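I would like the entire structure built from these sequences, with the hints used as guidance.
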Amino acid sequence: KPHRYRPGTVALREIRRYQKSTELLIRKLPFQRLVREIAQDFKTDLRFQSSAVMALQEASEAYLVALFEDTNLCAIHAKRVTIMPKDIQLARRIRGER
Amino acid sequence: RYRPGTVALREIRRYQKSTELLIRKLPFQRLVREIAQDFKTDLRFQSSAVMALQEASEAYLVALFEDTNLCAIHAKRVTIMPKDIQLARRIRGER
Amino acid sequence: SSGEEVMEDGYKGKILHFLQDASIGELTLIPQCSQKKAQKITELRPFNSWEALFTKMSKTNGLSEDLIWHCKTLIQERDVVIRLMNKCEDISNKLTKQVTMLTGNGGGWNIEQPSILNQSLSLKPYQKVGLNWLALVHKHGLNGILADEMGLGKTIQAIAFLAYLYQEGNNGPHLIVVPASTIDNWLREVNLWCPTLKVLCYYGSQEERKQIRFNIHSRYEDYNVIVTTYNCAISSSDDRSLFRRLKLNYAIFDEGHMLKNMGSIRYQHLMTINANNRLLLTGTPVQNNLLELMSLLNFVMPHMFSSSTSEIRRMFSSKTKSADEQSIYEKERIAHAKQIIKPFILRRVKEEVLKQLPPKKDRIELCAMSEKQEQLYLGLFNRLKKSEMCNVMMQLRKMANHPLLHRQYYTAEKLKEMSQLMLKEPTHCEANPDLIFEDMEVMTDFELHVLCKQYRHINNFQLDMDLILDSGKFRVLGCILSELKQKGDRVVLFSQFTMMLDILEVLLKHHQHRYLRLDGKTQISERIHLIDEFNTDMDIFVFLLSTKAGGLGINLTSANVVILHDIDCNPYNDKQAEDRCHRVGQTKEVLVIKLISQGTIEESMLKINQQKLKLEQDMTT
Amino acid sequence: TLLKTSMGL
Amino acid sequence: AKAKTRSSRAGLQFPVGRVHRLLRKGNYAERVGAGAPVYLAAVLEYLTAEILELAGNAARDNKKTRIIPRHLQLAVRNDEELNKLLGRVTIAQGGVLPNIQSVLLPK
Amino acid sequence: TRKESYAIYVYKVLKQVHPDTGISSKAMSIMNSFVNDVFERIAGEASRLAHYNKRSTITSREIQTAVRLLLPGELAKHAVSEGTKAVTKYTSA
Amino acid sequence: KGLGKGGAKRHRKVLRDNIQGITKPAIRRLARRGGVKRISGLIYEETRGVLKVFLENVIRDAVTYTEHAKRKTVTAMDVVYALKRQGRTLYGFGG
Amino acid sequence: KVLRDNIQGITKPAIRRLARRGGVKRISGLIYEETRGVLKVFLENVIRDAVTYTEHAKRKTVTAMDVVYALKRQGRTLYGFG
DNA sequence: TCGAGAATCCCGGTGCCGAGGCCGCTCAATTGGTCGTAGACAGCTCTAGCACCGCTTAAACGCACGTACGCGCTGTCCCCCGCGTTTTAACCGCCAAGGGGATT
DNA sequence: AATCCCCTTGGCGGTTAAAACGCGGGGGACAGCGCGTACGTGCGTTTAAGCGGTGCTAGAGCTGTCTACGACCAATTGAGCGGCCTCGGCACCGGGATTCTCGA
Ligand SMILES: Nc1ncnc2c1ncn2[C@@H]1O[C@H](COP(=O)(O)OP(=O)(O)O)[C@@H](O)[C@H]1O
Ligand code: BEF
Ligand SMILES: [Mg+2]
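Chains as they are written, first to last, in this note's numbering: chain L, 1 to 98; chain W, 1001 to 1095; chain R, 2001 to 2621; chain A, 3001 to 3009; chain Y, 4001 to 4107; chain P, 5001 to 5093; chain S, 6001 to 6095; chain G, 7001 to 7082.
Think of the hints as simulated: they come from the structure by calculation, not from any bench.
Certain hints may be false.
Taking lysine-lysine and the BS3-like style, the derived pairs with C-alpha atoms no more than 30 Å apart in a straight line are [stated by the list, open to error]:
1) R/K2548 x S/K6005
2) S/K6009 x R/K2386
3) R/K2521 x S/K6084
4) P/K5054 x S/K6084
5) R/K2453 x S/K6009
6) R/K2360 x R/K2012
7) R/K2247 x R/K2361
8) R/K2386 x R/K2453
9) R/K2386 x R/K2398
10) R/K2414 x S/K6009
11) L/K20 x Y/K4107
12) R/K2012 x R/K2036
13) R/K2097 x R/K2350
14) R/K2056 x R/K2094
Here are the in silico distance ranges between beta carbons for each label pair [to be verified]:
15) G/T7061 x Y/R4021: 23 to 31 Å
16) Y/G4087 x R/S2205: 51 to 59 Å
17) R/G2263 x W/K1017: 26 to 34 Å
18) L/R98 x Y/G4026: 46 to 54 Å
19) R/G2263 x S/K6005: 30 to 38 Å
20) A/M3007 x R/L2121: 39 to 47 Å
21) P/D5037 x G/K7001: 36 to 44 Å
If you want the ones that stay clear, here's a sample from chain Y, every Cβ over 12 Å from chain L, calculated [stated by the list, open to error]:
22) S4008
23) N4027
24) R4060
25) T4065
26) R4070
Using N, Cα and C, we set each Cβ at its ideal position, and we do this for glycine too.
Dropping the structure here:
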């Protein structure tokens, strides 16, 4: 009998591991391509120094982690453990972001 | 007797239409003086100062109650409960 | 928009003439006073030329150019009144001519008693005079003030005037706004003289008022006169909408001296009433200030002073000046104010018309306060003269009245004992004595005595009957009431403090006199029943009346001795209270007795009252 | 002066 | 005479001349007083010293003799008043405090 | 080109606090950004405090009031205390 | 707790504990303004605490502004200024 | 040239990692597109102000200081880049 | 309450790269003068904030009663997770172009 | 405005780490039902808010002097900044022991 873990335990292990570490959680090249796409619309042939993209990545990761904490709170409020889109929309409405 | 809920819409519309204060002036002024007495004794207040204080407090409480209502509808309820208020404050950032 | 304001030549000349001939006080009236600046005008007296004038003003260090603008406003504002003066006197003149040619004919416009009125009742000649005055002043489309003295029949005059309108085909809804204690009487009179008028007493709780509103806007019944109070016309925005969206022709206001303040919310709320004409009934049009009369004049004739109110209030805001401190132009404005109000305000005096009314007397009784009250008074005076603490005057008159208005015989020790002992009571078994003592601190000795009488466990702590009757005013009052009871008199007794009336109840119970009592706590509905009970039952001896409520507009022809246990800082409250009994129909020489404490603030208030009374006596003649 | 003329009718 | 920095006179370590120059060139006002740079340098020194003490303790906790952004993040987000002061700040390479909700643990 | 930063001053403060504790480059840059942000916050509060009272001179009083406004709780107490001590020592000698 | 206001007939009260001057009918009026249809019985203590916290936060700043200007009376510009400092700029007396 | 479809470069496992660091234990399958939309909104908003600053300085390069200023103006001060 | 297996911590060894110390040289901070105006201070006016009273009336409160909604229990089904296998594309290392912000 | 060199853009290749695709299953979302209690409404009683009125006085608000303080300038100088080594603090690997999960 192969040893499988009960559903959820690996999720808690990942929670602990990713709350203990401090590195970036998104790859560099896809994020750089994304920022370049978004910058193409405002004006053509812009140039980015590397620390600009790194700062944008830091800001985006902090923003998304805070948003996911608020979403988790909104999900626990409705007596659930799963986060749903309605949780994110509720969080963004309460904060005033939308 | 009518159902509870027609009066709900009636008072909601009546209060949303009017920009008149929903708190009695003397109790709020006494509360403001009591709170301020703990910072500097022998203080005086302009009438318009406490008026602005009361207007700001009412607007803040109305916004907080709107957020509480949203958080209550999230939990599939129509009654608002203290957990809703603390959730609204903690997502906003006051706690 | 903001632009360069060019001085017109006429305004240049007016400013130059005023600055050349204004007095020091008149120069002070210019804004941006800096009284050294006004003084420099006298030094800078060449008045060489307008440009030379500007030269002198600028060259004198410590001045500003805006002064020339400021006086520019002043004269303009004064000019605003001047044209109004020209408009006003012609309004007088256009009136004062037509009042003359009626005397030429053998029979003129003598509007006789309307056939609508009760035939068994007849108007008195001066009431007919007033009726003719109101009719003619209406015929020119003006608003007046019927400032007849207390008791001449202003209500009857107004009702007959409305009846005359109804005869002339004017059946429009005409309002009447009355004091709370008077409304019943009004509903009584409008019938007994003019039953043809359909009367709606729009009064009561918000539910009854909303029922009345629903019935009237249903057009369920047609109404000619709506009678209301001062609060019920203003309390709710629904009422204000009702009175605005109705079409009213006459808005009659009883006791117009309630509109004395131009800033009181009732005042502008009452100008919101839609009405073609209004009428004011008052026995005391001028109380303590000319600006008060100016506010009344603004109310009665708004459109002609509506835009110019700011000018009037400021120029009449010189209340701090004395008789000689009044500038010459201020005295001129006072005289021409009397000449502005002379077409609007009518006044008749009872001693001049009603020869059949017996005259009035007075008895200022100096009351020597007893030894205990004298010691308490001196001690409290010593405590207060050293020094918040508005107690300088009010809680000095309190020891003037009665020692029991404060807490002296209940020391904090007794209060602690009572607070701990009242835990034995069922209603306060869970009570906290540490807060009961806090509550009992702020309670007076008489209130504590009432509390002791109320609860069984603390019945030990009653005051002896001698202590509660230890007062100079009580000592003189007992003798006076005994004397008047032997004389077969009836007494109307006034006081300005509710607790004083409560103690008076106890004193009268001790002397076993039968009495009634009316104050602001009594419900509006049975005040008229109380008044009738006093006017019919001749076994009731004393009628306790609080000055604010029991003083305004009620009829007390039954009694013939009015006692003021305490007089007012404003003497006109006292005058109304005294003339409650001294009115049409009285058959005894009405005596008025004032009680005065010896050697207290009471004597100073009496002196100031006499000074104000003499000021009125001078200004009215 | 109107009060004077009122009795003077 | 002998030149002594204003920082030495006021008993500070942060500069007072540099703070005064930054006050002048910031166009905050037309004139800058004589105790404003000193007071501001003192306040900056106090805040820096407190955060450095907390971060040094937090770095000692992980058996390290050096400070990295993680220890600053731990020091700021563990103290209540510093958390209130720096509530709206993103410390780079700081991470997140380990904190899991009650109900997400197994039951 | 010369660039100015508080690296040396924060290093001296650190060596006074923990004599055997170093600091990395990243924490150094974070401390520089922190000190610049606090400087800008307090200076802006004091500038607006001056503009409110129709003054045109930032002095110790505006700095003290800005510190009282911004720093919450005990931080304001200690900051005001030590700032007043520093000003008193600077003026006294 | 005291004399039990009912049946005592005092002329003047000690007037302590003024946070209760925010009566629950007023809180209901605010909530109904906020769109809330039904209210739990524990909302009242929570709302009193929230209002007290907000009032202390605004009043501390207003008193600081007043003390800086050497004054003894808290003007209305002070209250507007303390509110604007909270990211809740109030219009009606200035900006 | 042409840049396209890199909003999908923010992959599903990266979103799950970001969620784990935020404390989330179970994630619905619709969170991914929602989070990508939210991220694109944030990045567009910040880049707008960053390029505004860059044009105000009249440069063809966007630096880290422009991003720091843009974030600070939005009440999201970022320590560690200047 | 237990054996096996998988994840985690502890200890020891390694080497490398960045913290930290020393040094030359600006160039900004310091010191001494002078000058102009900003604000500290004294004084004065008068305003409005506060203390007290009474009257009136509407709102707050205490209680009764009933019914609408919140919470617990149940069942189901469907959707997410853990593990395995495959693809693919990020990442690193080295290299060239060129243009753009800074310096003259 | 001319020029420069340094940094960013772009390129090749490989490898190998991570992401994509698949699948069973279990455990949680979600709808339903039922009790029971707590909240809303109605009614009478009271209680205090609100408004007017009277009075007093602290303190805001303004003006005018003039003293000191802060700005601007000059010359001096030594504190900090950039540069360049240099060694140990820390990242990483590898083996042993420990601890946590899970299904008998
Ligand atoms: N025309 C009249 N004939 C007889 N008695 C009158 C007449 N007018 C008034 N009264 C008496 O005066 C009282 C009304 O006075 P009132 O008009 O209320 O005085 P005021 O004008 O001060 O309000 C009535 O009680 C009535 O007895
Ligand atoms: F105005 Be009546 F004479 F009481
Ligand atoms: Mg009358």
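Here is how each hint holds up against the structure:
Only pairs whose Cα atoms come within 30 Å are accepted, and R/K2548 paired with S/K6005 is accepted, the gap being roughly 27 Å. Under the criterion of a C-alpha separation no larger than 30 Å, the hint pairing S/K6009 with R/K2386 is inconsistent with the structure, at around 33 Å. A threshold of 30 Å between alpha carbons decides the hint, and for R/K2521 with S/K6084 the separation of about 47 Å lies outside it, so the pair is violated. Between the alpha carbons of P/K5054 and S/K6084 the distance comes to roughly 19 Å, so the proposed pair stays at or under 30 Å and holds.
With a C-alpha separation of about 13 Å, the suggested pairing of R/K2453 with S/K6009 holds against the 30 Å cut-off. Restraint check: the Cα-Cα separation between R/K2360 and R/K2012 comes to about 59 Å, which exceeds 30 Å; the hinted pair is violated. For the suggested pair R/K2247 and R/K2361, the alpha carbons sit about 48 Å apart, so the restraint of at most 30 Å is broken. For a cut-off of 30 Å, the pair hint linking R/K2386 to R/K2453 is broken: about 37 Å separates their Cα positions.
Between R/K2386 and R/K2398, the direct Cα distance comes to roughly 19 Å. Compliance with the 30 Å bound is thereby established for this hinted pair. With a C-alpha separation of about 20 Å, the suggested pairing of R/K2414 with S/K6009 holds against the 30 Å cut-off. Straight-line distance between C-alpha atoms of L/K20 and Y/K4107 comes to about 23 Å, which keeps the hinted pair within the 30 Å bound. Simply put, R/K2012 and R/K2036 have alpha-carbon atoms about 23 Å apart, close enough for the 30 Å limit, and the pair holds.
The suggested pairing of R/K2097 with R/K2350 holds, with an alpha-carbon distance near 28 Å, which does not exceed 30 Å. A hinted pair counts as satisfied when its Cα atoms are at most 30 Å apart, and R/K2056 with R/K2094 does not qualify at roughly 47 Å. Separated by about 29 Å at the C-beta atoms, G/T7061 and Y/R4021 satisfy the suggested range of 23 to 31 Å. Hint check: Y/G4087 to R/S2205, Cβ distance near 53 Å, so the stated range 51 to 59 Å holds.
For the hinted restraint 26 to 34 Å between R/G2263 and W/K1017, the CB-CB distance of approximately 28 Å keeps it satisfied. For the pair L/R98 and Y/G4026, the beta carbons lie near 36 Å from each other, so the given range of 46 to 54 Å is not met. For the pair R/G2263 and S/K6005, the supplied restraint of 30 to 38 Å holds, since their beta-carbon distance comes to about 34 Å. In this structure the hint that A/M3007 and R/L2121 lie 39 to 47 Å apart at CB is violated, the actual value being about 22 Å.
A hinted range of 36 to 44 Å for the beta carbons of P/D5037 and G/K7001 is consistent with their spacing of about 40 Å. Separation of Y/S4008 from chain L is adequate, the least Cβ-Cβ distance of about 37 Å exceeding the 12 Å criterion. The non-interface label for Y/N4027 is consistent with chain L: the shortest C-beta to C-beta separation is roughly 27 Å, beyond 12 Å. No Cβ of chain L comes within 12 Å of the Cβ of Y/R4060; the nearest lies about 18 Å off, and the non-interface call holds.
Separation of Y/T4065 from chain L is adequate, the least Cβ-Cβ distance of about 19 Å exceeding the 12 Å criterion. The Cβ of Y/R4070 does not lie farther than 12 Å from every Cβ of chain L; its closest approach is about 6 Å, which violates its non-interface assignment.
Violated hints, in rising order: 2, 3, 6, 7, 8, 14, 18, 20 and 26; the structure is consistent with all others.
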